[PDB]
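Only one protein chain is missing; all other protein chains are in place.
Labels run A and B following the written order; every chain starts at residue 1.
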Amino acid sequence: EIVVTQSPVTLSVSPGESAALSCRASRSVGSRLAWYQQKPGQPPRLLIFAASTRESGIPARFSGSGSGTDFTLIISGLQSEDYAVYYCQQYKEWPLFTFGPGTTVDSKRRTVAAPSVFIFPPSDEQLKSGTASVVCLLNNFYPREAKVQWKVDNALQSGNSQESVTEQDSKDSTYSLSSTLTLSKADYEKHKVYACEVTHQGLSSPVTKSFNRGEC
Amino acid sequence: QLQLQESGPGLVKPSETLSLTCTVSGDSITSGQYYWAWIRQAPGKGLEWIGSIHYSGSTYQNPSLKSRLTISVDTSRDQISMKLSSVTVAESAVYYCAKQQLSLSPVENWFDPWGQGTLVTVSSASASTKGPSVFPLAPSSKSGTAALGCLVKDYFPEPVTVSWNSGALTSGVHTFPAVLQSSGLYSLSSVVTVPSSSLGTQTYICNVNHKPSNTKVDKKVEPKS
Partner (left out) sequence: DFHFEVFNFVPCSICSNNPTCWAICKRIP
């Protein structure tokens, strides 16, 4: 089947500037390509079809272009209401079709903000109950992209943590993120060194906040 | 004016059968040669087409769901319905219905317009309410600016509210979105950044309220010392 990718994952755009979002298809789809917008909490809304035709009701600052494999949506003079997720969709082999992974347009900060990083051991109460949550906080960072690596006694944890991100702060355009290493109390009390390591543009080298179980 | 309206259950138990209905108004599903489609979107996840149906009963459906999927069409109520059986955790999503264009003369395939959607949560904990435990996220003994918070774990269903110092402290508070654990229970964190200088002077209480279980907690978060 025909695979549509998209680029980039997050596109930071200052209002009034011009957004160029990409969508590339694995084979040729001709002009059979639509664009959708999804503002947070709402359903998708059709923007373009046949790769350049703007749907009735759509502001003319939205314009689509391309043919064959490489396509482009342009938002000329970006408005605030245009901060959303954008999907493309190819439809060459009737009635088959594929959705793109999505590109998010977010607000552009003047300055790069490194995460402020904190690790929280499990509470003593929670420990009494047989569960242990190690929490790692990434406070007020920009841009969105960031990596969290959990490490229990220098062993990379994988598949046992969950992450949550705030929506972009409408004042300072930052994000914040929590990652929770969930871990049984017997597992937890076997190991000593708990760490979370954060990689981000505003950090010159990955930063690791850690604690040793039992000490303060 | 054309409008699409999804109805269905709010919550559903695993292994049970999810039943949804799309109600088309301001128009007739037999007006034109359109197809009508179900599409779902897991939170933080892309768009997943379920199936399309035409007023003739003609239908094509997602391969990876057909063996649990059924899609019907009632032209006398202007409604389209679907059914997923042996529903699983991976079924928790917003379920949309949208008008589809399936034209061959100028090949045309797309979705417009879409309905508001109807969130479907799948939990073993359905039909019951549980209150959260509130554990503290205590400030690192090595605190310039310091961070502390409350872990609001193991409640069902949404929502919880969290404030700090009964609403007096707001500067710097991040109440994260709740995550639906493998247990079927929600969990979230609320954190606040403060200056270390105030850690022994000022005291901090997160105020949790899980109205679906008349659960109210006030947890004082303090340095370990």
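Of note:
Going forward, a contact is a pair of C-beta atoms (placed from the backbone, for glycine too) under 8 Å apart; a residue touches a chain by one contact, two chains touch by 3 or more.
Although it is not drawn, the missing chain touches A, B when the whole complex is taken into account. The missing chain, though absent from the display, is touched by one residue of B:7, B:25, B:28 or B:33; that residue is B:33. Screening B:25, B:58 or B:85 against the full complex identifies B:58 as the residue touching the chain left out.
Here one chain is not drawn; of B:102, B:120, B:191 or B:221, the residue touching it is B:102. Interface note: of A:96, A:112 or A:193, the residue touching the hidden chain in the full complex is A:96. In the full complex, chain B touches the omitted chain through residues 33, 54, 56-60, 102-105.
Listed here are the chain A residues that touch the chain not shown: 92-96.
Keep this in mind: only the chains that are shown with their structure count from here on.
Centre-to-centre, using mean CA coordinates, chain A is 18 Å away from chain B. Chain A contributes residues 32, 34, 36, 42-46, 49-50, 55, 87, 89, 91-92, 94-95, 97, 99-102, 116, 118-120, 122-123, 125-126, 129, 131, 133, 135, 137, 139-140, 162, 164-166, 176, 178, 180, 182, 216 to its touches with chain B in the complex. Per the touch definition, chain B reaches chain A in the complex via residues 46-47, 49, 52, 60, 96, 98, 102, 104, 106-117, 133, 135-138, 140-141, 145, 147, 149, 151, 153, 174, 176-179, 181, 187-189, 191, 193, 224.
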